[PDB]
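All chains should be modelled from the sequences, with the hints used to inform the complete structure.
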Amino acid sequence: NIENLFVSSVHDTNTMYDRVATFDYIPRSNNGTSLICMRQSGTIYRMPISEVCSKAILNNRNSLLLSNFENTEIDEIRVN
Amino acid sequence: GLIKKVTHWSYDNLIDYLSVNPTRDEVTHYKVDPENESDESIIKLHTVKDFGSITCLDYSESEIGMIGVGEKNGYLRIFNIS
Amino acid sequence: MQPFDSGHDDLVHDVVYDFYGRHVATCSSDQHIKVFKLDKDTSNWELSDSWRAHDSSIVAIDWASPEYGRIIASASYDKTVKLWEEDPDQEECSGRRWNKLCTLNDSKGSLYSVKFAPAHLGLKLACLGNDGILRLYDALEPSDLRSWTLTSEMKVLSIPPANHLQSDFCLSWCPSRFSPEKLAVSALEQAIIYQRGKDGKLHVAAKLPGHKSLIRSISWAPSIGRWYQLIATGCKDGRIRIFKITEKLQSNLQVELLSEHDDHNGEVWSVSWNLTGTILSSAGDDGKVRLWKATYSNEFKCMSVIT
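Chains as they are written, first to last, in the deposited numbering: chain O, 350 to 429; chain G, 2 to 83; chain M, 1 to 248, 288 to 346.
In short, the hints are calculated from the structure, not lab data. Careful: at least some of the hints might be erroneous.
Here are the in silico distance ranges between beta carbons for each label pair [stated by the list, open to error]:
{"hint": "1", "chain 1": "M", "residue 1": "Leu314", "chain 2": "O", "residue 2": "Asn379", "range": "29 to 39 angstroms"}
{"hint": "2", "chain 1": "M", "residue 1": "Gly200", "chain 2": "O", "residue 2": "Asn379", "range": "43 to 53 angstroms"}
{"hint": "3", "chain 1": "M", "residue 1": "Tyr68", "chain 2": "O", "residue 2": "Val359", "range": "36 to 46 angstroms"}
{"hint": "4", "chain 1": "M", "residue 1": "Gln289", "chain 2": "O", "residue 2": "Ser383", "range": "31 to 41 angstroms"}
{"hint": "5", "chain 1": "M", "residue 1": "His120", "chain 2": "O", "residue 2": "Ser412", "range": "20 to 30 angstroms"}
{"hint": "6", "chain 1": "G", "residue 1": "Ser54", "chain 2": "M", "residue 2": "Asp55", "range": "48 to 58 angstroms"}
{"hint": "7", "chain 1": "O", "residue 1": "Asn429", "chain 2": "M", "residue 2": "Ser56", "range": "46 to 56 angstroms"}
{"hint": "8", "chain 1": "M", "residue 1": "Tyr68", "chain 2": "O", "residue 2": "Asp373", "range": "49 to 59 angstroms"}
{"hint": "9", "chain 1": "M", "residue 1": "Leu140", "chain 2": "O", "residue 2": "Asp373", "range": "22 to 32 angstroms"}
{"hint": "10", "chain 1": "M", "residue 1": "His120", "chain 2": "O", "residue 2": "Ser383", "range": "46 to 56 angstroms"}
{"hint": "11", "chain 1": "G", "residue 1": "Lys5", "chain 2": "O", "residue 2": "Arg395", "range": "51 to 61 angstroms"}
{"hint": "12", "chain 1": "G", "residue 1": "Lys73", "chain 2": "M", "residue 2": "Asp55", "range": "55 to 65 angstroms"}
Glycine residues also receive a C-beta, built at the ideal position from the N, C-alpha and C atoms.
Rendered as structure tokens:
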């Protein structure tokens, strides 16, 4: 029952402003993520997480498939 | 901190204020309505969240909104808020 | 850029196409595999089967060649490889359309990349995880596709990685029908090309230089008759590295870097080639997808960028 954990991937994000002490998540719709952060001065702002594409494979019909690191929908570029 | 009352900037009866936080890392422009004592009169309009270790601050009476901000490193960032 | 929802309850880890280009398979961390089919009439992707596959998060899947049937090699974090064959006398969207074939319980670590070999090698399989051991699985008997033998066992790492430090692995075979057996192995910060010898055992043939950071994806360009091969690599640095390989251990091969592109300024997660090796598609940490085509010369120059 005990799950021996290990780290798979580390995703980095740069804050909008420096000198941040504490932060917290914001649950968004469709598995989105925004970050609320409190600076050392005490000013609180909002920072979003970019939808980074995770896989760009190419078809034999010259089509592009795009998976995201955040949510589950898959983007399609067609040759038409 | 540094609170500086600025005149010759508002045509109406409201009075504008400029503030620097005690961490010396932020500059905030305020408009204060004097006829109402409640804290809703202290309105925060714009904020410029940069610099770091501010040491001085002034304003231009003739031209509206032009505000000079000093720094400890040596850069005098002169810009506009209004 | 019309999207369709995969329906997974957690992160979609890997998506691949089939040979015909009308099927995709999606593995995810909700221990599921869903295979979609491209509708001929409505031209909108719809589900064919949605069945729970592993006991942990599935991270890498790969289709087999259609001449060997419809076989999906799923590798997950539960030290298993599972092989799935389609049984056509079953209703769609049921959960028993893809009957299980075998479990390869020869792994002592969580897998990261699984890749089927080209068709002219037979039904060969490549499996790599954090054990640092590459094990090749062969389907010797075509009468029953349920017996798989372990033949080549080459160690790519001196020690397994730590429990806390991250590691990534990617495999890419060699789609050249008139060249010896070659395999690209991206273990942590090593890009190794493994070649078949006269004795039948793989050896370290050449190593792609560079690579100051952790390797995220490797891809081999399809050989369409040119005298030089191309391997594309995307590091944790923002380098899309396209390596040029000239081959003349019966044959020796030399590695020369063709380009080193820094248009992403981040981590290149996936880099992949086209059918003919002309268009190179890369995705990076800047949220942008960059297409690459060669100029009148052989040097690669950036094309239209999808954000």
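Checked hints:
1. Between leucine 314 of chain M and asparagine 379 of chain O the beta carbons are some 33 angstroms apart, a value that agrees with the proposed interval 29 to 39 angstroms.
2. Distance hint for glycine 200 of chain M and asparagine 379 of chain O: a CB-CB separation of about 51 angstroms, consistent with the stated range 43 to 53 angstroms.
3. Restraint check, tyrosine 68 of chain M to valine 359 of chain O: a C-beta distance of roughly 37 angstroms satisfies the suggested window 36 to 46 angstroms.
4. The hinted range of 31 to 41 angstroms is not satisfied by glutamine 289 of chain M and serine 383 of chain O, whose Cβ atoms lie roughly 58 angstroms apart.
5. Remark: the range hint 20 to 30 angstroms for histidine 120 of chain M to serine 412 of chain O is upheld by a beta-carbon distance near 26 angstroms.
6. Between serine 54 of chain G and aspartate 55 of chain M the beta carbons are some 55 angstroms apart, a value that agrees with the proposed interval 48 to 58 angstroms.
7. As the Cβ distance of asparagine 429 of chain O to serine 56 of chain M is approximately 39 angstroms, the hint placing it in 46 to 56 angstroms is violated.
8. Between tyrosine 68 of chain M and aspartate 373 of chain O the Cβ separation comes to about 51 angstroms, which falls inside the hinted range of 49 to 59 angstroms.
9. For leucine 140 of chain M and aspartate 373 of chain O, the hinted distance range of 22 to 32 angstroms is not satisfied, since their beta carbons lie about 56 angstroms from each other.
10. Restraint check, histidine 120 of chain M to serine 383 of chain O: a C-beta distance of roughly 50 angstroms satisfies the suggested window 46 to 56 angstroms.
11. Taken as a hint, the range 51 to 61 angstroms is violated for the pair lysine 5 of chain G and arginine 395 of chain O, whose Cβ atoms sit roughly 29 angstroms apart.
12. In this structure, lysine 73 of chain G and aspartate 55 of chain M meet the distance hint of 55 to 65 angstroms, their C-beta atoms being roughly 58 angstroms apart.
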